[PDB]
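In structure tokens, the next block holds one chain alone, the form solved without the ligand.
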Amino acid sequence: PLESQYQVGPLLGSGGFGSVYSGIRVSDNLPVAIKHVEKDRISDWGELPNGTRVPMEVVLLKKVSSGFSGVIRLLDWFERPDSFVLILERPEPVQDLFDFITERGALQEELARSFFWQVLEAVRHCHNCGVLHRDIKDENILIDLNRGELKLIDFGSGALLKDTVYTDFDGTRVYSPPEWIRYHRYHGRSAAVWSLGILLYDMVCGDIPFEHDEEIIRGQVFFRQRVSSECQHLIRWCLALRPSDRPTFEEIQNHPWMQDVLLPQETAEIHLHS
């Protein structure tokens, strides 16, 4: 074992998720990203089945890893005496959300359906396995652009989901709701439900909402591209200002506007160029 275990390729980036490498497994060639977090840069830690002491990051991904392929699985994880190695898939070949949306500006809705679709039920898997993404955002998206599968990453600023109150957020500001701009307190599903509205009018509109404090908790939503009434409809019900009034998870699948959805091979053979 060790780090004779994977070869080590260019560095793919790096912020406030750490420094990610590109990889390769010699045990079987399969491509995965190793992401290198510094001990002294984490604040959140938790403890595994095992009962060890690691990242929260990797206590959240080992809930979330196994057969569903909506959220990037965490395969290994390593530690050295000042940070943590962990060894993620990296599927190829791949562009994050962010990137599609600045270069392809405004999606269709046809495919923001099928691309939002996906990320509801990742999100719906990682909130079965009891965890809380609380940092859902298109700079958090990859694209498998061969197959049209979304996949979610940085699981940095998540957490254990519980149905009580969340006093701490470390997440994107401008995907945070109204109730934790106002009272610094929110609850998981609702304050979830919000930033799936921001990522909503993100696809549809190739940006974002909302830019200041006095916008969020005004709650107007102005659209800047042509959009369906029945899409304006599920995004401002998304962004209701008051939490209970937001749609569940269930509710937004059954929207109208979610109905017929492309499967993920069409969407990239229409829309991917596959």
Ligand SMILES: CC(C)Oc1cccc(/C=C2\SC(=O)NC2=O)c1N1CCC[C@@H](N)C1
The other form holds:
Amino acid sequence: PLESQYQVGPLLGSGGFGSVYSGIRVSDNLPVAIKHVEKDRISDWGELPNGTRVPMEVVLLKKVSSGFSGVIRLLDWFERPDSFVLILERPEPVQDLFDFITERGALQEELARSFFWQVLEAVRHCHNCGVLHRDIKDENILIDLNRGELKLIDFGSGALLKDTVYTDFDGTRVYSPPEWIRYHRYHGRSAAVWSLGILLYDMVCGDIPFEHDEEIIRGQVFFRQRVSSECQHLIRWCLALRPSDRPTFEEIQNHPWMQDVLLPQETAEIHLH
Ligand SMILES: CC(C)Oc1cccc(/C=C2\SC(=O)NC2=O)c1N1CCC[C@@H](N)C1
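Alternate state requested, the form deposited with the ligand bound (shown: the form solved without the ligand):
What follows is the whole complex; the chain from before opens it.
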């Protein structure tokens, strides 16, 4: 069963997402993460191509599953009487972006550009697979320290991507857009761009731009750190109050600040050495 196949290690973290343990797949010693999600805390349920009733998180993970290293890979899953157990990949050595920024402070723009570009490629992969993450933030990004490769994780607040309005949200409030705060309505892509603006500001300033609902609604962006004019322009564009004024993923990737990105290996050599 699950217990024989995996050697359970220390608790890595717990919160809204459930409880996550470090682990090792007994067969080939592969490092894994073991995520426990309780059934009574699962609001969104879905169906696999075979028809089994599983949490939406499992449906979304299977849709994004591929060799592309920018998004976490679900290795296996198990149903228990009161919970679901997810076996996910675990890079080693690794650090999440929240811990990285906490430890190092505001990131050099060259590093932020490499990290932000990789997040953009990971989000485009989710969207191409028909998945909306809905919780893009530093805590949901892993840094593979040896490779300089980032991984988007935690599809627990996600949904199938649609072109109609979303009226439900259970991601991070401080990353949520002003249309959600004011109207309890948002469209997938433009809400994702807002959260990307919050994330980019967080990378280059070392903290998020808004704390309160009033601040999000006003959308006045103040730079507390020295940030280049092109980077400030890109951030302010992603953080446009009107969702239709926000750039598309293509416009973000074609922005002058996004040019000449380092390769992940060059990023590891210069900044993660
Ligand atoms: C030890 C490294 C830094 O952390 C991890 C490595 C591999 C997986 C996970 C977690 C995953 S994967 C997924 O889809 N959902 C998850 O909850 C993980 N987390 C531990 C709890 C805190 C979190 N921010 C990072």
